[PDB]
Amino acid sequence: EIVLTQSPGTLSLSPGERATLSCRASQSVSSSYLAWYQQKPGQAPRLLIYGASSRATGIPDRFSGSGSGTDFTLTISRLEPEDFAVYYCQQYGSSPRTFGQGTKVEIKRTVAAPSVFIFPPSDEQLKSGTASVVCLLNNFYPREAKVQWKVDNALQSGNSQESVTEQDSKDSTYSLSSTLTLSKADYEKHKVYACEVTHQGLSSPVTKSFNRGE
Amino acid sequence: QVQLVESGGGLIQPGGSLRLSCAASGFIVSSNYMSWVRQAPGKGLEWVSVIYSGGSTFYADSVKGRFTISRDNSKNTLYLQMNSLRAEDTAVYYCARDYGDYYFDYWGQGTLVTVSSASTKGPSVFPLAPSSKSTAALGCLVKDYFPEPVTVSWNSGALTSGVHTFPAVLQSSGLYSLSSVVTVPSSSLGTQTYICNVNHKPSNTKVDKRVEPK
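Here the protein sequences line up with chains A and B, keeping their order.
For the first sequence, position 72 (counting from the first letter as 1) is numbered 72 according to our numbering, and the numbering increases by one without interruption.
For the second sequence, position 70 (counting from the first letter as 1) is numbered 70 according to our numbering, and the numbering increases by one without interruption.
Chain A with its partners taken away, still in its complex shape:
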């Protein structure tokens, strides 16, 4: 079986940079029988290159493929912000046909701090016995961010979950939600609800807070 090893596993570069993706085969791949696919998040793969170097119809010219034998290369001459994706190679010189494990390309941009928003639980949810408080960190870069919850200045642990968006295709930022889940009874025993955000685009951590009932 021809095993295809892709490298690097992850690659982060800014628009306009050249990106070079490698696919190395455990054995020779006959006749340049190697294809490359792009898979953007949530979408089907699309064919980029076949026969190692032939650009598929409709594919932008910045994508090109080269190589032979045991080493194949997908190049993006000048990255564009919509190029974040996982890129897969696939060989058809031998049976079984096999895919590489993929290279994830992430798009770098200049540092952007989050705007922070906080949403109390709705009266409709409180009627049913649970209370969700949501902290939104909107449109920031890089991805890494710390969110801490305080209830009457008491640090919370174990009762929050975070979710992060895929990169924005236009401006390359992320957004993040942190949801604090409390029983109704617990929510009503306390007054001040606060989300504290640490991010490298901020000079100092930012706290966003509200008082229950206001």
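Any given hint could turn out to be false.
What the hints assert, rightly or not - Below 27 Å or equal to it, Euclidean Cα-Cα: the simulated BS3-like pairs (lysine-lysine) are:
1. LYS214/B x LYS184/A
2. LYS201/B x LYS40/A
3. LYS127/A x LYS150/A
Read the hints as simulated data drawn from the structure, not as lab findings.
Chain B: place on chain A using the hints.
For chain B alone, kept in the frame of chain A given last:
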């Protein structure tokens, strides 16, 4: 204008059977090599089944004897009839038109198959009302549904700019939750009505929730 349109996925009990379909346009299924490829959550592409133009069929070891790939010349459709399903079969399943026995040159959009003995449950939808504590941000909390996915639109698809629908998180209950947020001009709140439309196909649930300031 080749197209491949998939349907048939969703929730199925372990041990059950399920049939996927792929309706083709622009080419003749009967005269072409076609395949099913699946992708488990967070993993790479795994070929499952192929049918040659001449009718030969081949299967991955993990599905041989319990999956059948077939075609209906009359309806220009490809099928995958699955049996003895197990949790390891949970994946997005893609149909693809192959170029001969070589590479995958057109892909269907994918259909999620979730193999689980848990019952379907549609979501509750709560407002994240805009206040001064949220340019203004507002959203919808979509809580406690099973299985994935839900789809969220705003104002029936009229509002796209600035929307962030977060990936769902598995709560310890075993049910999913996510939020969908949008940033709108602060001036608008008084005038513009904002409605999130939440569709959950597995439960045949459609919820429209008006989000207005408190």
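Tested hints:
1. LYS214/B x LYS184/A: holds (19 Å)
2. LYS201/B x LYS40/A: holds (24 Å)
3. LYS127/A x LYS150/A: holds (23 Å)
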